[PDB]
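The form deposited in one PDB entry is given below as one chain in structure tokens.
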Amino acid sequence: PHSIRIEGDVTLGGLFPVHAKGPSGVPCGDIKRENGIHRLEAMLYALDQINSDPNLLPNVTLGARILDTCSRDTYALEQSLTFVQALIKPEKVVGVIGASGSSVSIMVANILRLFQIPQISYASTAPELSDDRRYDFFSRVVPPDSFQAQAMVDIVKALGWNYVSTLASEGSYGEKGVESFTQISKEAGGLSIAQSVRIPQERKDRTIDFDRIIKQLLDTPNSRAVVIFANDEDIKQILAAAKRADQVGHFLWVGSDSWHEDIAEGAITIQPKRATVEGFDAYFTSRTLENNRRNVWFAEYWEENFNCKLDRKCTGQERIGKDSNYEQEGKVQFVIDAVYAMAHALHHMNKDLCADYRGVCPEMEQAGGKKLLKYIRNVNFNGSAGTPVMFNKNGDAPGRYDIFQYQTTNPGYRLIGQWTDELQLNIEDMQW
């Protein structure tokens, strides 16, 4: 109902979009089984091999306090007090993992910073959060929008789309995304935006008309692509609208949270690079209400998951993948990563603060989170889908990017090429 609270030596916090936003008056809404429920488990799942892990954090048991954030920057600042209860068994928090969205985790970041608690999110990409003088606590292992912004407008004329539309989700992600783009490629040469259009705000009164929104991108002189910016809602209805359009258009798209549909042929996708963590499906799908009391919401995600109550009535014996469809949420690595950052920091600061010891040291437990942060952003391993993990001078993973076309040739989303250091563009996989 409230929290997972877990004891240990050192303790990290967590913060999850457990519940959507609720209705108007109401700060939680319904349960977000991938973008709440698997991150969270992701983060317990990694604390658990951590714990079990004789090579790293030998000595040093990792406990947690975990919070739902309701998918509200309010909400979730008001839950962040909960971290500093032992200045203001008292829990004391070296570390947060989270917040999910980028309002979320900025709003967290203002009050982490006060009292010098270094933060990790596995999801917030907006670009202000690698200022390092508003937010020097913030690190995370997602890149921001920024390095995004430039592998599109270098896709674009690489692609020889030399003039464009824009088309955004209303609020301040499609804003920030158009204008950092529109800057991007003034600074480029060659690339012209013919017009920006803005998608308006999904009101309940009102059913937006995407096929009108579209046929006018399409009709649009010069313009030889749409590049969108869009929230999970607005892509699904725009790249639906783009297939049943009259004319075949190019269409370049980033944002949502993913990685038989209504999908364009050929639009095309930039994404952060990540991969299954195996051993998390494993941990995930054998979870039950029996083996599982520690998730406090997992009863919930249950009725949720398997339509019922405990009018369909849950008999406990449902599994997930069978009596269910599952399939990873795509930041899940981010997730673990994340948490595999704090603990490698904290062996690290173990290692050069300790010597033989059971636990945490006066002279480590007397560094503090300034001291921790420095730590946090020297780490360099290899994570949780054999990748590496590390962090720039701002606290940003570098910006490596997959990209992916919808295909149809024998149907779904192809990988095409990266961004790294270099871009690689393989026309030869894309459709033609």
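If you superpose the two forms and keep the largest set of C-alpha atoms that fall within 1.5 Å, you have the rigid core. Numbering follows the first chain given and starts at 1. What changes on going to the form deposited in another entry:
Looking at CA displacements between these two forms with the core superposed, a shift of 2 Å or more is confined, among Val296, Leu77, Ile270, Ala275, to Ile270.
Remark: with the core as the superposition reference, the CA shift of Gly417 between these two forms reaches 2 Å or more. Remark: with the core as the superposition reference, the CA shift of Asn162 between these two forms reaches 2 Å or more. The rigid-core alignment places the CA of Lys215 2 Å or more apart between these two forms.
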Given for the second form:
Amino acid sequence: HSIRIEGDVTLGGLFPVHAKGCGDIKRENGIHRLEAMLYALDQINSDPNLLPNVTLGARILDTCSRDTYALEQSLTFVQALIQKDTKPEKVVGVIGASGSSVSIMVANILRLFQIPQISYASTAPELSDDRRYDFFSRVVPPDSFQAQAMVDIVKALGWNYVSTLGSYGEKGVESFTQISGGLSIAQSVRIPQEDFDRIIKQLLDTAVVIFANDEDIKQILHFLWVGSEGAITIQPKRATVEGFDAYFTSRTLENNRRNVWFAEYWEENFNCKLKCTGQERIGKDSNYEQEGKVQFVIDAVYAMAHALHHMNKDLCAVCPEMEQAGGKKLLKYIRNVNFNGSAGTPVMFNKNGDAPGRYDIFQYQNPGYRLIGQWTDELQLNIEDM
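Could the form deposited in another entry be given as well, to go with the form deposited in one PDB entry?
Here we give the lone chain, stripped of any partners or molecules.
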């Protein structure tokens, strides 16, 4: 069982509803993220301005946070290509996946069948290879832009000789060393899972560019520290979609029978079975806080809606003319999007199909972090407020 919402044109969806063991339900990353695609489709399908006589449908599938399970799920998006000899739908594009390895596997199949993809959460730098991942685009910037911004910070501050402190931790240090111009890296000490103040005491002695996420940063805290007193942090520009909060909060078992995994979500966050009541409120009988990449789910869906809106204006008086265009033509319309997102900020794709890096810069200057500048597209607007 999966979510199948009828429409004139269908958008494939890949969400990690359950974690890898399949397994148990993932509250924020699965349910909020998928419901955001449903909320986005509810918005678009209430909107007379975008896709007027075209209802956007959805085939939303769980990935179980495992790339192999997702690859067998992706086949659902290509059923219409299988010959019948033993209710058709055309999946024009796919919104997902969440978790870069899953997206890579999924890109490997979609590429062959010329079906565009837009990830809302996959951040891996491998995915930036527009030849290998021909049909992949994303609304999140690759983690490489974070490191590029860190080079710019260091260089503008004139650090020169800086020390750098899993799959993510290394990739940051790799991207940072690659940008030369230039500067030299001294001691590149590592910190894995499971020294005690020894690494902190050994601060090169000849700035520290920390690539440790996310509770690892708190463990470390005379010398300057730059991590992704007077420490500098690079952060993404994050936002809440209030419209979606009213939607998810109002979700009960009675009004949300379309989400096949909602009753399963109901048991989890409420610590009850099916003893439970079945008459509680999300923001009342639990601690609700909207998942950070929900903004990127909506943005991913809208990118595709706008791309499909432009195509319909150019090809229809879903007319048959539109029905025989194919993904390579849809990719053009996808890559040419430039519109204001759910957070307010514009949605665009670079040459490789990546979202440009938009980061705020803070320094530990009643103390706390003071906004010391920002990083946009390929520029560093640093201030002398340090």
